[PDB]
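Trainee: Listed here are the chains, written in short residue letters.
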Amino acid sequence: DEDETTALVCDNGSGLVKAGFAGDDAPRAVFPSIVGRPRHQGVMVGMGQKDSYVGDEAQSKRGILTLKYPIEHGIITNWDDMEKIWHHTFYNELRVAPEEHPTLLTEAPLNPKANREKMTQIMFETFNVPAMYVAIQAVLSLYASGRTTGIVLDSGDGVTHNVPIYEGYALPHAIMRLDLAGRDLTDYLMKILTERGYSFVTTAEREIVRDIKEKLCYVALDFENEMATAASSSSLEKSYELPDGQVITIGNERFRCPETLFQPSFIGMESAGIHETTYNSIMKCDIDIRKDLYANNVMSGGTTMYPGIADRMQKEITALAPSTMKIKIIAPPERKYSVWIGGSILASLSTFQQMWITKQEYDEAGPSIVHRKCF
Amino acid sequence: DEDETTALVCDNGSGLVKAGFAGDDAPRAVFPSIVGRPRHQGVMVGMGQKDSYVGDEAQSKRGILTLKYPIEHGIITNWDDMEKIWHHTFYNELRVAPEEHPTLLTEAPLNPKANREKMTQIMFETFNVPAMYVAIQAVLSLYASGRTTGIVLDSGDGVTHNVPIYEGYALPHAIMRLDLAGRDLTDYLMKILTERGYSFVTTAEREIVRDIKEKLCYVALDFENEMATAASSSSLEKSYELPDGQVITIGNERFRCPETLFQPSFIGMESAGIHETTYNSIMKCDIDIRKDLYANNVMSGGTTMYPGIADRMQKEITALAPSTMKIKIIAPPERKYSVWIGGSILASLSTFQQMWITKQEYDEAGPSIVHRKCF
Amino acid sequence: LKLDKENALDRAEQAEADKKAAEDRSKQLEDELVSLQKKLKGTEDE
Numbered sequence: 001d002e003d004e005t006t007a008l009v010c011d012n013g014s015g016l017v018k019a020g021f022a023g024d025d026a027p028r029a030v031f032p033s034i035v036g037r038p039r040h041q042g043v044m045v046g047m048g049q050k051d052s053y054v055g056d057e058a059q060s061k062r063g064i065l066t067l068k069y070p071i072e073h074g075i076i077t078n079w080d081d082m083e084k085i086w087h088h089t090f091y092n093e094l095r096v097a098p099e100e101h102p103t104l105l106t107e108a109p110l111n112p113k114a115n116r117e118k119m120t121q122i123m124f125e126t127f128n129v130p131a132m133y134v135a136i137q138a139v140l141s142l143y144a145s146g147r148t149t150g151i152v153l154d155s156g157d158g159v160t161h162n163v164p165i166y167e168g169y170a171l172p173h174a175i176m177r178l179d180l181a182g183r184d185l186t187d188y189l190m191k192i193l194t195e196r197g198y199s200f201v202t203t204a205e206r207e208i209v210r211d212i213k214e215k216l217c218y219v220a221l222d223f224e225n226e227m228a229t230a231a232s233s234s235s236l237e238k239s240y241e242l243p244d245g246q247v248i249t250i251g252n253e254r255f256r257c258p259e260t261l262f263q264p265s266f267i268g269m270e271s272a273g274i275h276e277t278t279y280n281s282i283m284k285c286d287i288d289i290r291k292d293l294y295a296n297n298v299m300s301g302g303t304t305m306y307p308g309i310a311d312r313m314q315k316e317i318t319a320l321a322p323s324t325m326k327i328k329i330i331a332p333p334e335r336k337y338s339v340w341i342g343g344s345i346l347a348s349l350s351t352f353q354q355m356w357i358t359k360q361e362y363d364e365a366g367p368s369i370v371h372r373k374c375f
Numbered sequence: 001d002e003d004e005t006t007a008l009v010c011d012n013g014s015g016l017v018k019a020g021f022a023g024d025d026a027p028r029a030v031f032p033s034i035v036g037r038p039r040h041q042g043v044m045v046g047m048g049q050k051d052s053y054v055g056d057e058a059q060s061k062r063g064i065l066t067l068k069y070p071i072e073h074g075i076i077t078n079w080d081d082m083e084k085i086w087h088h089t090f091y092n093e094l095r096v097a098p099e100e101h102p103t104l105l106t107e108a109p110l111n112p113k114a115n116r117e118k119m120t121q122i123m124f125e126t127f128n129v130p131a132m133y134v135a136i137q138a139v140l141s142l143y144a145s146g147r148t149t150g151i152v153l154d155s156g157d158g159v160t161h162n163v164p165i166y167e168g169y170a171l172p173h174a175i176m177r178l179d180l181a182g183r184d185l186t187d188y189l190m191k192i193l194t195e196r197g198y199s200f201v202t203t204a205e206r207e208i209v210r211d212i213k214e215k216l217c218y219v220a221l222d223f224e225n226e227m228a229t230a231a232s233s234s235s236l237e238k239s240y241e242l243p244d245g246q247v248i249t250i251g252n253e254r255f256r257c258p259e260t261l262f263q264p265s266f267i268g269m270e271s272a273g274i275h276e277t278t279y280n281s282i283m284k285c286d287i288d289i290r291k292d293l294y295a296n297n298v299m300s301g302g303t304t305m306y307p308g309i310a311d312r313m314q315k316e317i318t319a320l321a322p323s324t325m326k327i328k329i330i331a332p333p334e335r336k337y338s339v340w341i342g343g344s345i346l347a348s349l350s351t352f353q354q355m356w357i358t359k360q361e362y363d364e365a366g367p368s369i370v371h372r373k374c375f
Numbered sequence: 011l012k013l014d015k016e017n018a019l020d021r022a023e024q025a026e027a028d029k030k031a032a033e034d035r036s037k038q039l040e041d042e043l044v045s046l047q048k049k050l051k052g053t054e055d056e
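So the sequences go chain by chain: B, A and Q.
So for the first sequence, PDB author numbering puts the first residue at 1; every next one is plus one.
So for the second sequence, PDB author numbering puts the first residue at 1; every next one is plus one.
So for the third sequence, PDB author numbering puts the first residue at 11; every next one is plus one.
Check before you lean on any hint, since a few could be wrong.
What the hints assert, rightly or not - Calculated Cβ distances over 10 Å to all of chain B for the following chain A residues:
(1) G251
(2) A365
(3) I369
Claimed, not checked - Computed cross-link-like contacts, DSBU-like style, restricted to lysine-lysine with a CA-CA straight-line distance of at most 35 Å:
(4) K326/A / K284/A
(5) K29/Q / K315/A
(6) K61/B / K84/B
(7) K315/A / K48/Q
(8) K113/A / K238/B
(9) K15/Q / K238/A
If you are wondering where the hints come from, they were derived from the structure by calculation, not from laboratory data.
Yeah, the Cβ is synthetic: ideal placement off N, Cα and C, and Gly gets one too.
Isolated chain B, as found in the complex:
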């Protein structure tokens, strides 16, 4: 339905896919990274029932479906399901497809090599894209934030990367890969809500919990004070209506789940916590770099939407950082949608038009070309 001869952009994780076309400042639509399948045998005639559901179809009908997510902590392994997700995304809902447009897909800086190779290959071989470019989420996070310099706290669905860039250059030894993201926070909340008498086991139930979390949970500027009160009084509880007519209230659990980011030990993870990983991405860089990264701590990805996170991360780093120097967190409304936006910026910059793999070079070289042309 679109007639603008621009690039297309998609951010694909273990939870959601943000997508739209390059040159704008927002995705046109956001789809779940889901291929749904019926988990029941139909009995009655005229009950519909699809063999497969894609994206929002899968999420909307989830009460009777098993929901599969193709991306594992940042890597696409089920490329067949991503092809279905991308077809729906582009052809059915965004109303624009790669066949007539160059396409940019994103990944984390240390994401296994197979991910960028398959993203490049599927757009060229199943979507017939005229050109490709696999982007680094850290690059996109700073473009969308108005920075060339800063720490990218790309807290996604399956992984948080924690990666510094200075004057446009990577500082890779200072990357603190962390196995804690929005999907793990959802799983933890399912377990602590089970402790409250509301067990959540199935994937439809996981989606209910993700909705509860996104609307009711927060990290808190001061965890212990919120905890002591919330664990002692109903005045700190918030109600949510479950899609069966039950009402669930959440007290200190409302923040204990989100707290996992600062205390990963809550889910059995071996990690110093998001504020120390942020601190180390700054501290492991050279001393004439450190000061600029402290002043430019940039949030991207989701989980950045928890109340108290932009104020808390600044508090936790300034408390570890030396005095006089100003420590600042950048946390715009483009929060969680900023990686897509950065993709739009990179794809459309004139300074990037020589970075695209055309369907010339790709056909002669094959998918290994991504390591010659992208990064």
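Place chains A and Q on chain B using the hints.
Mentor: What follows is chains A and Q alone, placed relative to chain B:
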């Protein structure tokens, strides 16, 4: 009749409850977790007729009683009925009044908190027990089974908990609680027997089916080949005599019902099955842990009593498992009675005499005390 | 019949007692076998 203030121990499941005193190796008495109520008025003289029936009384007169189980998927929701069960259990069959003896009760690691609070509160406020301690079923399973390390599959009536333990420590990031249990197998068997012409729809009938299941059913080491044979020949059928003199036989139904453990979709549950659930508990654990958990897969609770479950589970995990690793299932005669036995072991350990909540600490703190004192 | 529940029960109990001694041996032997096999593989790997 005891010459020491030994703790009394009660393993109260959603199905059956086992009881005895600490220091024994078996419960002294077993009761269903049932309080029965008549739905009919008796006519004949000399027919008993009570307002309510407890434990074995509910089963003996069940033909006209509604049988209520006060425990729902591991949690007591009806505390009045548990008081009837505990009075009868401790006072009439164990012959001990709790007033002069400490009491140990059990719950799953993710059992809703209100369960531990009521178990503790009832014994302190209604029975005046001098002390209380709510045990972890995973611990008790390991102490009865002779292990400190392994996978605990406690396959109870209301829930299969599924928790890996290493060197006496929980590995909570790998708990995969499953809402598929012995109660669903009984309900499914009532329905599959109905398909064969033997309808079971009442509470009395539920108990009849429960007895049929326990004596006639098995999982089969190869479902499809056993099914094809059972569906083709009477050689795999087994008879049972019903209370009214009718005879029921079970064919491939004999395993199609138990198969629900491996295929939960049969009862409408979204799950990969007990063997993938078990496997999910062994691979998610750390690289230097996995080998010890594979070699120590521990069964406790009932359903573990199906003739082919220890061998099929060992086979399924072996099939999912990497090579080199030794896969072994421990399926002791203390099966279904293991949690109670572990309770006896725990209550009497010298290392556990400081873990008891006294009826001093309890009254000063209130029912929530169990949260900080037990686990 | 008069003493047959007793003969059968004594057989059941004696068989259960022997079964258990032998089942406990089976578990002990299996655990030793598996550990021994792991020692075997330990040494075979070596």
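Trainee: Compare the structure with each hint and give your call.
Mentor: Quick rundown of the hints versus the structure:
Annotated as non-interface, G251/A keeps its C-beta farther than 10 Å from every C-beta of chain B; the closest such distance is 21 Å. Taking the minimum C-beta to C-beta distance to chain B, about 13 Å, the non-interface status of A365/A holds against the 10 Å cut. With a closest Cβ-Cβ approach of about 14 Å to chain B, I369/A is found to remain outside the 10 Å limit, as its non-interface label requires. Proposed proximity of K326/A and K284/A is supported: the alpha carbons are some 17 Å apart, at most 35 Å.
A threshold of 35 Å between alpha carbons decides the hint, and for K29/Q with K315/A the separation of about 24 Å falls inside it, so the pair holds. For the given pair, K61/B sits about 17 Å from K84/B by alpha-carbon distance, which is consistent with the 35 Å threshold. The hinted pair formed by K315/A and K48/Q meets the criterion: a straight-line CA distance of about 18 Å does not exceed 35 Å. About 19 Å separates the Cα atoms of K113/A and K238/B, which keeps this hinted pair within 35 Å; it holds.
With a C-alpha separation of about 23 Å, the suggested pairing of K15/Q with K238/A holds against the 35 Å cut-off.
Checked against the numbered hints given earlier, this structure breaks none of them.
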